[PDB]
Structures are given as C-alpha cells and as structure tokens.
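Single chain ahead, written as structure tokens, the form solved without the named molecule.
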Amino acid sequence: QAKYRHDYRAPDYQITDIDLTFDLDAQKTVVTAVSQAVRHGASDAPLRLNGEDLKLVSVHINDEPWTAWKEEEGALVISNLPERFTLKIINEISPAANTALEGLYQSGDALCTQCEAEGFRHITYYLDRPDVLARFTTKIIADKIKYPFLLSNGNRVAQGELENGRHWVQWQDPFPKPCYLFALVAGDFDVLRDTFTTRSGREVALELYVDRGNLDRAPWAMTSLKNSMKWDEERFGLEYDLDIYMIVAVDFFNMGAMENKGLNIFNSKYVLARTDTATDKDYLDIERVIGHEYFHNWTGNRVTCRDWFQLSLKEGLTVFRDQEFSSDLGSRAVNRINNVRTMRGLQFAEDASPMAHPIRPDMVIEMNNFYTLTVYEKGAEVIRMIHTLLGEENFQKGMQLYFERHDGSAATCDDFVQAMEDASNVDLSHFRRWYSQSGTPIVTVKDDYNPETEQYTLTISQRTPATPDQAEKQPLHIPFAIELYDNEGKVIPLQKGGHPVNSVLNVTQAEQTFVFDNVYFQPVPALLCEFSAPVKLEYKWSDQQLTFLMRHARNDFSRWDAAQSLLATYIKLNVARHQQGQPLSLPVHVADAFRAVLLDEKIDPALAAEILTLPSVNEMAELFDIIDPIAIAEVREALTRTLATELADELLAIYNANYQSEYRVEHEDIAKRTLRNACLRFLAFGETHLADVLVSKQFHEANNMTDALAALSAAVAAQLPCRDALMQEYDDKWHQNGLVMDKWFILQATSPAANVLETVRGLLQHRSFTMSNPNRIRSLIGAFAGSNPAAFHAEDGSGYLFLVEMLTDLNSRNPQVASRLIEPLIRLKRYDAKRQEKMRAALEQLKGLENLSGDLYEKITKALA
C-alpha cells in the first residue's frame, strides 16, 4: 500500500477550473462540482478521481448523464472521454460525523475544512494531487442564523438571499491552486478587522475570525500578521498578492495552522492571547506560526509541491523563514538555541527511530505521517546550510531565480537546489545528498598544534550510521564553521600559505585535514559554530576549554553550546552513578562556571537564562545509546538540587534583580523575565519553607500568566507544600478555558509525583477534558507519554497499557492524533530488554485492532520489524 517517489508520473488529465457549490448542513451537505478538464495523456486513458467516504449522486459529462464509469476502492474511474470536457459531480458528505477532522467537519457550532495532504477527496471526487492546479469559484448556501459568515478562498464576487431563512455567498480565487489549499468556513464569529498597505501601495483588508467572546484575545495575532507582512517585504522583497487576508481561529484542528490561500485556518492555540491567559512563549509561538502560514503564501502557494514527497520544499523553507522572522525581530541567539534544542533532543531521536526518513521521503503509506520534525525542522537546517554556503546576497538571488522560474507552478526540491546553484554559481551537486539520506551524521574532530611550525591542524571525519530505511550511507557536504581563540579570547585570523581561509570548512570526505598557519599561540577552538550543520560533534573537550568558551566565545550561541557540552559529561557520569546506586558527583569548577554566568554583569540576560535552563529529559536521552528514563529524570532533579544549594544566594540575588513591575511583551523584558524564572526553577528546590513561600508568593502576586505558570510549574516540580492549593485555585479560576487548562494538564501529566498515572487516568473525567479535542488529548495523554518518559516507562508497564487503551479509542476517532501519540511507543529499541518486551506486546495488541488506521499501521509495522 506504500507509494514511492520514483513512481511519479505526470497526470493523464488536468482540471483548469472548478466551480463548487455547497448546500451546507451539519448532517447532510450536498456538493456540486463542475470541473473543466483537459486530457494530457493517452487518448484511451480513463479519468481516475480520488474519493473517500462520499455518497455519489450523479455524474455528467457536458451535461450528459454518464454511463461509462465505475466506483472502486477510493476512486471513481470514468472512461471514454473527449479531449476537453466539463465534468459535473454531485455527492453528499456528513460534516457532523467527521471525527477525524479531515475534509469538511464540525468545530463546535462552526463548519470548517482541512484539506492537506489528501482531505479534499473527502469532500468530492477530484484529482487530489498537488500538481493539478485549478482556478476555484466557491458558492456556499446555508442557514443564515446558524451560519451568518460563509467564507472561502479569494474575493466575494456574488451574494444573495433565499427563502426559508437561507443565504449564499460566492467566492473567486484567481490564483490556480492544488486542492489541498482549498478552504471553507461557515459560522457565527466576532471579527477583528484591520488593514496593511504593501510597499507598492496595495491596501489589504485583514480579517481575523474568532468565536464570539474572543475579541479580547485577537489583537496580538493581528499585530503579528502585520509584522509578518512587513518583514517578508523587507527581508525577502515579497508582497501579498490579494485584496483580503482572512484567518479563522478554530477550537478543533489537528494541525497547528494551515496556509489555505487568503483564508488561513488556525488552531486557536496559535491565535488567542491576552496577558492573563498566555505566556511569553505563547506570544512568541503565535508570532512564529502567524508568520509561518503567511510566508507560505510564496513558499508553498505561489510555488507549490509537484508531489507530496516534495513536502520539505515548502515546509523546510517556510520554517527557515519563520525562524529568520523570529530571529530578526527578537533575539537571534535565543531562537538559534531553542531550535538547536529541538533538533538535538527531538529530531535526532526521530532520525534514530524506525520512522527515520530523509527530508525528501522515498516511501510513504500515509502522507499525514510525514509532517515531521525531519521534514520541517531538519528541512530548515538544510535550507540554512545552503544559506551558510551561499551567504545572504546569493541566497536571495537564489530565491529570486526560484520564483522567476517556478511562480505559478508545482515544483520539486531539486528545482529549488538548482535555482540556488545557478544563481550563486556554488556547486551543490554533492550537497543534494542531504535530501536523499536519512540519519544524523557524526563528525569526529581531532586536532594538533605544532609550535615548531606555528600551525594548527584539524583532522575531521564523518559517518552516518545505517538506519532501518537505508543500508547504504555516503559522506555529505557538511558546512563546518569554526573560530580560533588565543589565550586572551581574541579571534585568531584563519589563513594558510599567505591566503585567508573561510571559517566555513567544506567537510566533504570521510576524512580530511585542514591546516592553518600563522597560529602564534595554541588556540581554543569553537567548533560547528551556530550549529552550522545538523550533526553530532565528537571532540575531546577539556572542561577548561569549555568554560573558556563560555566566557570568551564571540557568538552567544557558542557560549550556550559550550555549557551544553560541559553538562553532557556530567549528566552521563551521574546517570551511570544512579544505576550503581550512587549520589550525584560534580567537580567544583563546574558549579563555578554557572556561578560566573549568574554574576556576569555584562552577559545578555537572554543568554544567561538559556544557560541556566538545564536540558530536558528528552534532550538528555539523546546522550545515551540505551535510555534509562528513570535515571535521567532523577539525575535531572539531583543536578537541579545541587546547583540550587551551591548557588542559593546568587540565584536569589538575580531573581530579585530582574523583578519587573510592568508586564511587556518586548524582548528585553522577556529576557529578564526568562532569567528570573530560570532562577526560580532552582530556588524551588531550596529550603522547603523558604521555597514554598517564594513560589506561592509569585503565583499570587503575578500580574501575567508567564510568572503565574512559572510559579505553578515550580510547585509541581519540587512537590512543594503549596502545590495542591495552587493547582486547585488554577482549576477553579480557569476550568472554562481550554487553552489555559492545557498548561495545567501538562503539569499534571509531567508531575514527578509517584501517583502521576492514577492522577492522569482520573483526569480523563475532568470537566475541562474531552477525547473529542486534539489539544486536550495532546496536553494530557500526549504529555504523559512523550514528556514524562520516566512515568511512561514505569517498570510495571502501566504506562504502555494506558497508552494502548487511549490509542484503541483514537485509532477509530481521530487517526492523526492517534499517530502523534503512538510515537513514544515506537522508540522501544532504545530501551532495555524488559521494556522492549512490554512495548512490543503493546504494539502487537494495536496491530490486531479491528479497522486499524493506515496512520497507525505504518508506524506499528516499522516498530515491530
């Protein structure tokens, strides 16, 4: 049932225009689709239309009832057609019965759609493939009282009233598009309207639709949209191309958001915010996602994907764009740090799992299973490597050539690389292998300083371990950025033979040496600067080299990275000790390094905050071949407690110094607050009474949700006396707000308490929880299985049994959310034999489920192989 990239073949038929009519009703919606088709293939080829769960009413060709057709599994095959003709299909669908949230479905009282990857075929029989671009016109007919707003892509070109309290609106989107970009929304909303005038003077009407009563949480998203539009103009020279830009925030949505042309549909978590309900993180995430979907207007919509194996063509590039947007507007160092934590702690884990795949997949069973950390985040790292090799100027020339050549078409990853190569004259032939090879490369570095010749030599090797999907691995073109520092922290000019050498080394062979002369003093190297390539670095650092970099490295990312390498050594040491029943051991000079960060009056608070944020349990897991989740969790707490004790006075001093009476969603303020709360994490583990008072005080005195949640999280993390009271107070105050309660469910699910599973199971009956909402599911069940590996991997196997129960429900209800939740279970080979046995048993139980979804089937099969 798997489909392969190498089987791509141009369509036998194209549809150039489609006129849709929806007679809307939650129980029974009637769809009438009139398509203008043109044959491109053999004259005897039948037209094969994709369709899922549709009730066919009639088929006409040029108004003639058609008798030469047959329905087969997932398709409508029409034979003996003319070269050009008008196809008319009438079918019925039932939005209310759509619990998978794919196609046209119900979200609360509203009706909305999600068509990517292949959801449009759940609406009508069509050429549901992205290389078929048609001009859409959409007429919507519905009850006026229940659905006063009827929206689709483009501009409103017609509207009217009908008998029996019904009305209609017709939309026209002039830009040809693949059907995955089709969108329809119907319902009653509050609307925030604003305007943005492009650089050339185009006035764009901005409209943000939210559920009634949510207007007080819409301004930030609107502000972010305008910021996104302005930034794309300034940085990429791109302007919006339509007259209106609509965004609809819905409560039931499997994805974070969707870039439907001129009518984006967003999961409300990435839209709604006000100071008492949203944290600094929420604000920055809303900025990131609003920008992301907007950036897709060019990288995804004006230039789309030829086939789904090319998904990264738009996702990797658009993620790169949203990272550059966030970085330009805020702290580049903090953004880079956050994105590298995601790569090392989450994406590396995926590349080391049964689901490993190159950013451009070669084999797919269920395409929705490929909207991954790999396709998105590693995809962006690959785009960033191109940027690193070309430089901003040539990168932009590449973007320009890409649009000149492919604007208005469906392209491939190769087309993009070719545009970059042609515009810059930089050979990316070898570089292309990054698109075809899965797994994380390991770069080993050995060095030598020769005082006799004053030369520094780097011997660099690379290798990518085989993965389940590929037995063959080859060397890649790895941009390896370096910087050399003398004893005083000054940069040593890179040169050889009297000629300067670029700091970005081209590591293209299995092994090679790089010689630098005129190195008058033994240098301390900064390697893989700014995480120049998505690889694991193996270099025999001395603790002093690392603390030296923490104090002298020019780029703040290097300082944080050095601290990570320093901590890695001792996290590994102490996990081994834990398995031997021994307590934490840490050399004095290590605690000294963090004390120095706290007392450094010149360091950016933004950087200090990240250095003082210990790697997560998932980040820590990637430092080990075989994961011991319990040892990792206990060591993380022990490390927190030790630093809390050794730095008690300094932590409190910095906590107080960064107090801010005014709350501002401004980067300098966010940095100080992030630092203050980073200190709070440690202070929560100080003398019980002292910690309990400090934490309870912040929760009650907080004038924003960032500080309130930080305090609540600390109470849970340290199991402080005030915990139960604060948690109940939060529940009583916010139970009616799902997005706010999600933070609470996450805290319950990731609690270090011994009875966490019992609590989580009980919360399935909580008034704020429901299996019908993906956000609730992910915040409670997903957080438990994926963010509390220590509890999920309880030795008795209770965690696996719980997940099996939940997946048994979700497999039938919502396969996509079920597939997101099964990920922790497919990582079984990273655990001990006893755990593997229990996890395999759990997977075998799921494998035998009646009506097993393709989504789960694909992952279960790979995990059990």
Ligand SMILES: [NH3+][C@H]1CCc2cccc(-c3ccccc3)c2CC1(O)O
Second form
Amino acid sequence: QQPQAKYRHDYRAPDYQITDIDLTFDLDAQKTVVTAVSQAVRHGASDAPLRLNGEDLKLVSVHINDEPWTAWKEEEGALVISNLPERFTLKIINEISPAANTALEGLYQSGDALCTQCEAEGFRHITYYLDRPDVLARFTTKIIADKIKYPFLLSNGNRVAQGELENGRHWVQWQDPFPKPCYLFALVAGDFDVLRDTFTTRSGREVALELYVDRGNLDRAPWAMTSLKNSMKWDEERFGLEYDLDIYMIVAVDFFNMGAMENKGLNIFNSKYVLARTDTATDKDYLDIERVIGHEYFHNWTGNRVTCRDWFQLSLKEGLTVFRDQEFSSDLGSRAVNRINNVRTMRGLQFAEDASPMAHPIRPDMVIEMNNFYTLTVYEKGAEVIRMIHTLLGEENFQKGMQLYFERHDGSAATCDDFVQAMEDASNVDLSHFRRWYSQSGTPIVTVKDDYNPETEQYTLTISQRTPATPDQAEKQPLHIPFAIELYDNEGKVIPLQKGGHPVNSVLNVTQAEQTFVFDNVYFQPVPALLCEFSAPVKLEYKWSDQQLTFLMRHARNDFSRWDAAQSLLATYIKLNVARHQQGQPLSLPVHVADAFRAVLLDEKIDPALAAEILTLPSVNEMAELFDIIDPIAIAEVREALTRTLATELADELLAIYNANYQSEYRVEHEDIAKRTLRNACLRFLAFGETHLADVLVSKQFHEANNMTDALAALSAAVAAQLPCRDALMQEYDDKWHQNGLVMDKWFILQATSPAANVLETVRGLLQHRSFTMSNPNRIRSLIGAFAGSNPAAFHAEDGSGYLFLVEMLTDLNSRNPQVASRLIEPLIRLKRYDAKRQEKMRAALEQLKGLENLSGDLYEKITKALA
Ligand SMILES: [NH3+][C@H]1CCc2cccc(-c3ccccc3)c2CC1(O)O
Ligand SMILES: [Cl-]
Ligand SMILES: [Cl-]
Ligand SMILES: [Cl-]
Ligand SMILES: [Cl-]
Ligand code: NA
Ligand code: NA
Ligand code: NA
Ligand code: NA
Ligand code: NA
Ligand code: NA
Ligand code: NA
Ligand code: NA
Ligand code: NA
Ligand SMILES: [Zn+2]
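Right, and the form solved in complex with the named molecule of this protein, after the form solved without the named molecule?
Below is the entire complex, every chain and molecule, led by the chain shown above.
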C-alpha cells in the first residue's frame, strides 16, 4: 500500500506533452474550483492513454474538444484517459479545499492568505496534470476571489486582464510567456503591504520589484529588497545573466515548509528569509536573507530557463544554484568565513548523511518520496562537485561552460550529464572520470604519506583513496579528486612546485587508488598545506605534528588553511578527551595548544573574521564525525570542558579582545560584522569565567545591546553557562518578544539546546507556550527539531526519554505535515552510529512509527532504510 520506489534508469519520454494551459481558480478557503484547459499533443503510440497525476481532487468533469468524455477512469493517484486523438484540448474541472491542507503542499492557507507550494509534486494537488518536469507549458492563470478578503491576486508573469463581478468578487488574469514545468507554478491571494522598487538591467530593461509582506511590515522589507538588487547586479557582473521579465515579485508567508521557492517571477519565501530589523534580526539573519534571496534569484537561469528532465537530476539546479549563492555571498562578504562555514556543514552534517542509511549519490538512482531528496547531499555536496569543476577548469573556462550550457539547453529540461558535457566541451578538460562523482555515494578517504630526500632535494607525496561501502552501494571505485597543495619552507615562504625543470600545477589530479607525486628543487624540508580550500569533499588522513599545525596557523597564505589547521589540532585533543571522559577522567590539554589560540587572540594582523572562526569550537555534530561510535554525552561535556579550560587559560586576553572590539554604532557591514563575531566569540568563553564576573558581563551586554546580534549572543551565553541571570533574561525576552514568532524561534532554539538537566521537561512544557504551535513549521523546527538534532546529549539520554518524545511528535506530524515529520525523524535514522543499548531503544521507536495507521510515504522510506 506504500508507493513503490522509482528508478532513474526507468526514465522514458512522455507519451503526451502539454504545450499551453489556461487555468481558472474560483478561490475560496473551504472550496476552490479549478478549471484547467490544456492543449495536448501525443508523442507516443496511438493507443497509449493519457495518464494524469492527481491527489485529493474532487473531479467534476472531463471534456476532450468540448465533448464530455466517457473513456476515462480514476485510479490511485491518477486519471487515465483513453482513445485520444493526436492533438486535442483537455478540459478538467475539479474542486480542492485549501483550509483542509495542513501538509502545505499544493494550494493552502497561510494565516488569511492563500498560497501555493508545487515543488516537487504539489501541482497534482491542484488539478489533474502531467506533474513531471520535462513537460513544459505556457501558463495563463485567471484568479477569481472576494475582493475584500483577497485584494491582491498574483500568479506568474504579467497581468493581462482584470475585471469586477457581482457580489463583491473580482478577478485578475496572468500570462507567463516562458514554458515551464508545473512545479514552478505559483498563486497567491491575500491582503499585503507592498514595497515597490526598480532594477535597471545592464542593457536597460527596467524591472519592477515588488515585495509583498503582511500589513505593518514594510519597515522590515528594505534589506531583502536591497539584497534582490544586489543579486541581480552580481549575476550580471559574474555570470553575464540578466533578468528576463519586467516584474519580479516576492511574497513573504509565515507558513512554509521550505526556506523559499523560485516560482518564475513570483517567488514565495518563508518570512524568516525576508523580514529584518536591527532590534529583531541578527547579523546571521541578514546574511541568510542575502543568501536565500540570491539563491532564489539565481534559479531564474539555473532551474527555470534550464530546468530538470526528471527529479533524479535535482542537483543540476540545486548544486549549481548553491554554488552560485556561495560565490555571491563570498564575493560580497568574507570569502574565508563563507568557505569555512560551508566546510563545517559538509564535514559535520553532510558527511554524516553520506554514511547513514539514507546515503545517496548527488544524482540519486532510487527514490520513493522525492521530497525526501532535498538533502545536504544534493545541495551542499552537489555544490562541492560544481566547485571541483570550477577548480579543474578555472573561472574563464567555467564561464565558457556556463555559456555553452545555456546556449544548448535554454528552454529545455536537461540532465546532470548535459551540464558536465557542456563544461567538458567548452573547456577541453576531460571530465569522463569526473562524472563518477554523480553516481557514487559516500565520502572518500584520502590518505597522504610524505618523504623528504635531502640528497636529491625531492619531496614525495604518496596519496591513496578509498570510499567505504555505503548501504545503497556495494561497489565503489576511485574518483577524480582535485587535491590542492602548498609547500612552506622554514620561514613560511611558499616553495615553488616543479619537476624536471617544469612547473607543476598545485591542483594534483588524484585519480588512482594509489599514486606518487614527486617535486624537485625542494631545498628545505617542507611543511605541507593539504586539501587547500577543501578542494574535494573528502576526509584527509595525514599524520600531522602539533607543530606543523601551529606553524600553518601562523604562516599559511590562505585564511581557510589557518582555520583548517586549527581544526586538525583540536581534533586530536577532542578525541583524547572523549576517551578520558568515558573513563571518568578530566580534561587534559598540552600548554602549547592553548598558546596557539592565545597567539590568534593577540595577532594584530589576522582578519577578525578569521580569528572569530578559529575561536569558534566545532559543534557537537562536527565533533561526532570524529568518532566511530558516537558518545553524545561525552562529546557535549568535553566541548564544555574545553571551553572552560580555554576560558581560564586565556581569561585576560579574551577580555582585552572583547573590549577592544566594542562598537557603539551598529551597522550591517562586513567589517563591523567581523568585529562583532570576534567580540561575541570571546564572550562565549568569558561566560565560563568566574561566575560573578561572567554573570555581570553577560547580563550587561544583554541589557545594553542596541541590536539583536549582541542581545542574542549574551542570552545564548547565559543559557550555555547556566549563569545566575539566565532565568530573568529568558523571561524578559519572552515578555518583550512573544508576539513575534521569528524572534521567539531563537528563544525556542536556546531552550531546546540548553545544557540544563531538566531540558526535556522544559521543552515538553513549551508545547503549550503562547508563542508555540504545531501548525507552524518554523515553530516545530525551532523547538522540537532543535532538541532532537542539535541537543543530541539530551535527545540520546540513556533513559530513552528523548526518543519517546520524538515518537509522540512524529505521530502527530506524520498525519499533519509529513514533510516536516520527515525532516524531524532524521536523528533516529542514525541509530547504528550509537552504542547497542541506544540502538535497541531507537529501533523500538522506529518500529512503533512503522506501525502507524496511515504511515506517510515520507516516513516509510526513511524508517525502512533505518530498520534494514
Ligand atoms: N527549489 C527550492 C526547493 C525547496 C528547498 C529545500 C531545501 C533547501 C532549499 C534552500 C537552499 C538554499 C537556500 C535557500 C533554500 C530549498 C529552496 C529551493 O529554492 O531550492
Ligand atoms: Cl471560504
Ligand atoms: Cl510577512
Ligand atoms: Cl566556541
Ligand atoms: Cl537518562
Ligand atoms: Na481543440
Ligand atoms: Na569577498
Ligand atoms: Na510521492
Ligand atoms: Na508526498
Ligand atoms: Na613519512
Ligand atoms: Na610527515
Ligand atoms: Na595553483
Ligand atoms: Na593522476
Ligand atoms: Na500555543
Ligand atoms: Zn534551490
């Protein structure tokens, strides 16, 4: 009764195309009537039926060339229409109920507004259609609604007609000239404030920009508007791409399963990625709005003008658009901080997915529920694969490849292979072996051994690779790994790479299971920097000495290498101290490790942006990936103990740098953000100083803050260190902000990730909090999701209480909102990484969920893999 898996190798062109669709919506929250008039063309055999997808539709009528049709049947998920001519007009009338749509897939209610989400397969919840992304149709959309309740009626494209009717109704008709797959359809109806502006493209096209927000929120919209203009300008400058319509609409909605969605000319955003004011939004919020506005804008070419032939090609648009958003953020802001944080995500979150039961290549081969594959792998590893192409080609060749990709595939629904072929053909770089990155799951492990020969002045790297088997793939092969290096002499100067009288490129092509690279004219023993700028998404095994690593922290040319060396240095002592914790022994840390961080604090020449990240310890999820068996309690308690030890050893320096980076003016400007991130990195440690000093410092910052970045940093510190002021500050924040859900999400996260012994009792009680509701995905993610995913020490309490709590929540969400349920179940799918007693409790939890009445396909897919 659960759906069967679908396979990439079963792709077949559609038997029918639809070239044009004329939609009419007679809108109502309880009942919406949809009329869909489609112009269809048969491409397949004359006896093949038209198979339309549809979910939870009330069919009213079926006509073919205005003839009521008798040769049809409804089956599970489908309307099957037989005996059709080669070309015909299909007319479907059906009814749907937005108010009953709690899954937020299709047409649904967000507060008093009506809005849509159609990716991946939501349009079939609106009408019977060819809901597959290689069917590209020209849409015209006529929306009829009560004028008082729904004064703004929006769909893709341009307004081409409008009218008024009896009984207080009105209508607007929209025409989008670009053929599209239906996952890019959008409709919005509601009452909004509208921020209006203009962008003029470099060739002179004036684009009207319209940001729709709830009434009263115009003064929270200018940063998103500014970011949209910045995105448009950057895509012109960096990629040579201009917007292609004369109207760009963005609608902010409060109820949205995703971050945002690139519907053509009518993006729909979670309010979290639009609304910002300095008293309510942090620096991180500002830069996330920039990133997400950019991402959705960049999809206009990488996703919309060229779309996906089938959903197994998702990374064609998502890896490439993530790469574009990273490059945008990096160009405008701190490249090093962006790269560092994307590598933290890869190593600490995506690597874990790639070892888990849900492991998949960036181009999946097997899918049950496609909405389960909007993953760290498809997105973030997808972007690392694009970035490897960029590394192998260089910017100029890479842009030639982009240009050839659009020239060949503009206006079509293409494949990952098409994209690689365009890059290969434009650049003359052979990517045949490289293609295996699209087909193979799991994280490669690259092992490096080195040798310096003083007699010949040669340095030899012996490099091996392997990918462990994953649950989805028993066969693994070597990859084409771009392996960037730099060699340093004793004075920190770069040693030129050469062999036999010729320069050697610093990107080594590691293509074999084992190979040897020899460098000549190496006159002194080198300190290597390896896998520079995380040049391939791999685990590196090299036997660093502590002093090589502190040398790199002082001398490496690229800021990323200095941070990465610090990570390698910490990793050794995180592993040491988790083993000690398990034997009841306290933290042990050589003096020279603390001194390396002391030197970072006192180095006046280091970019504060970099110093702040070096002084930000790995998260508990990053730490977990260091271990064969995760002990989440040891990891959490070692992270705190490490923080305390550094706070004590560096107390004077931390306070000096905290004070030196004080800023009385607040500005959303990258140099100011960097100083603030350094100051607040110091605050985290100072919060673990002597209690009375810490309590005073933290509470003062909370009360004196003139911006939410500094207020939240102080509040977070009070929770993390369990300071005396904590309860008072948390109550003050609630009393001030309880009516603002986006702001309370920060507070729910702090509650959920608290180190307090009674955290689960508190989290359970917050299910009844005035600012919490199970009807809102953001609230769910901020309280329940943060508990299960970001507080593994409490989620994995040895009494099993965290698993039982999550089962309760998932029993609700399986029925209410399966997409949110499927995001929330992920911590349980990782059970084989834990000790036997925890595995037993997690299996029991998953078996309870497996037995639910009306188990969603979303959860079924993950439960089945986890219990295998
Ligand atoms: N096509 C959509 C699908 C929904 C989805 C799912 C998971 C993540 C994201 C997302 C990634 C980076 C920045 C902002 C959002 C998105 C947005 C999207 O545009 O990719
Ligand atoms: Cl109604
Ligand atoms: Cl809003
Ligand atoms: Cl930290
Ligand atoms: Cl316990
Ligand atoms: Na016709
Ligand atoms: Na930059
Ligand atoms: Na499905
Ligand atoms: Na579904
Ligand atoms: Na050696
Ligand atoms: Na060595
Ligand atoms: Na180079
Ligand atoms: Na090679
Ligand atoms: Na509530
Ligand atoms: Zn995207």
